[PDB]
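Undergrad: Residues per chain are reported as follows:
There are 4 protein chains.
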Amino acid sequence: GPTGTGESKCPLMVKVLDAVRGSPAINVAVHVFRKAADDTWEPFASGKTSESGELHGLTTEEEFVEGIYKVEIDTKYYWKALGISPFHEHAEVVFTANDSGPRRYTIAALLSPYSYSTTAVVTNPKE
Amino acid sequence: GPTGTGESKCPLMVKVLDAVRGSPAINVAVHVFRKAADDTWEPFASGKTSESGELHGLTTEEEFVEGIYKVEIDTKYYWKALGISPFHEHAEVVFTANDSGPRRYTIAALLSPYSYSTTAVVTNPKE
Amino acid sequence: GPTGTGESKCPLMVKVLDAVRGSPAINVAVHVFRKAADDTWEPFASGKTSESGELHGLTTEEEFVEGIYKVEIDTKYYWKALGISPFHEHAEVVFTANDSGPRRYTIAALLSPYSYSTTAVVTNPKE
Amino acid sequence: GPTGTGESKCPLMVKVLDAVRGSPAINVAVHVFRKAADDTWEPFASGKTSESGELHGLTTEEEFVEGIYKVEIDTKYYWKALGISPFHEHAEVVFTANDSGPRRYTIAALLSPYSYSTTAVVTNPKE
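Here the protein sequences line up with chains A, B, C and D, keeping their order. Residue numbering for the first sequence follows the numbering used here, starting at 1 and increasing by one per position. Residue numbering for the second sequence follows the numbering used here, starting at 1 and increasing by one per position. Residue numbering for the third sequence follows the numbering used here, starting at 1 and increasing by one per position. Residue numbering for the fourth sequence follows the numbering used here, starting at 1 and increasing by one per position.
Don't read these hints as lab results, they were simulated from the structure.
Copies of one chain are not kept apart here, so a pair can be met inside one copy or by any two copies together.
Restricting the straight-line Cα-Cα distance to at most 25 Å, the calculated cross-link-like pairs of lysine-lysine (PhoX-like) are: (1) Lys15 x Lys35; (2) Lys35 x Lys9; (3) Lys80 x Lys35; (4) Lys48 x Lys76; (5) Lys48 x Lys9; (6) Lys70 x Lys80; (7) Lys70 x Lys9; (8) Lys48 x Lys15.
Go ahead and model the full structure; you've got the sequences and the hints to work with.
TA: This is how it looks when you write it as structure tokens:
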């Protein structure tokens with residue numbers, strides 16, 4: 001649907017859960033970078049998790065080209081605002097998106113102070 | 001809404017993901033038991049995961065009384081149909097539901113052959 | 001020797017870690033069970049996790065035969081001492097032991113108030 | 001001694017486990033980095049995981065000072081040897097080391113084609 005920037009049929013979605021409260025991790029900053037030609041990391045998109053703990057509308061299909069991306073979840077300020085001191089500075093996820101035709105990626109993350117898991121769920125663009 | 005048996009505003013929902021394929025764990029058997037008065041386990045409800053890897057309509061609010069329940073995910077036949085031999089016979093989750101007023105429980109599970117994580121997300125009945 | 005029910009060779013070890021504090025879980029109660037004839041759970045061995053979070057010397061090679069064992073780790077109380085109300089009554093791991101050999105089974109567990117991940121590390125013994 | 005860059009006291013250990021095979025991950029490449037002045041990543045230490053999946057003797061107490069270190073574990077290739085196409089380029093763990101002490105840091109990681117969980121076990125040394 002929408003082309004350029006925005007939501008569209010969300011080709012990239014992020015979900016954060018809180019393993020200490022058993023609730024969605026609300027208002028967590030997410031920073032997406034893409035591997036640019038000079039090998040450095042260029043800012044691709046950014047956003048905060050909603051009440052449901054999800055971040056949609058990060059990019060559109062026409063913008064989400066092949067490449068390597070890194071999803072940075074700023075987990076530390078999340079715990080610090082909770083008064084808890086955490087171990088990691090953030091949690092990043094690096095991958096090759098789109099090198100065999102367009103896909104949908106759902107990057108899910110379970111959080112705890114001294115531990116974290118990440119899972120991706122990829123699907124082939126359906127109606 | 002609906003009272004007795006069925007879906008309603010789903011007071012108990014289950015979600016299974018596949019950590020080896022990066023996809024929803026489809027058609028996995030889920031068996032829910034409740035701690036009956038004689039301490040044994042009585043069958044409460046059952047179902048299979050859908051295409052989205054979720055199981056809804058297990059019970060209604062009026063039926064989901066306080067108590068201890070065990071959600072059995074029959075992970076082994078899941079992997080065996082995939083030709084993979086797994087380590088656990090199944091994955092169960094035991095908890096005390098409703099001892100402080102009604103809640104909604106989303107039991108999520110990430111699966112792998114020799115490992116598995118489970119997370120619950122509980123919320124207070126909203127509109 | 002010591003054999004019977006003690007370290008010796010250790011065919012089964014239990015490791016419990018605390019994901020909120022970033023430390024091992026000391027004094028968690030663990031109760032191993034074996035599946036009996038009339039399909040019930042007969043008490044096998046038990047103990048408490050040490051200050052390093054590992055539980056050694058539960059059974060031995062001569063007594064540890066092929067079958068279905070159940071490792072139930074008592075987490076609720078663990079969290080309770082910590083002044084934390086957890087979601088689970090406990091954590092259990094149901095598996096078919098031995099098969100083609102006594103080998104070595106390590107059961108790992110990572111706990112959070114609302115989550116637990118488990119892993120079995122079955123490796124070949126030589127000493 | 002050995003100090004400098006070797007076991008000795010081991011302020012930082014790396015543990016890599018394979019959740020698909022139920023075994024430790026042997027020969028995974030791990031590269032530790034330290035955050036430098038001009039906020040970049042200066043190579044610190046590196047090596048390969050042993051047959052038990054642990055990587056010992058990376059740095060030592062005198063050389064391991066307060067700061068931001070980065071443990072990047074090269075998983076993609078690991079899975080590749082296994083004839084499995086993974087989702088991640090690698091796994092990294094970004095953390096502030098030392099603070100109030102050299103202590104001991106254990107970085108645990110559990111891998112799957114589409115997932116990885118990580119945990120830091122920072123415990124008090126006495127030997």
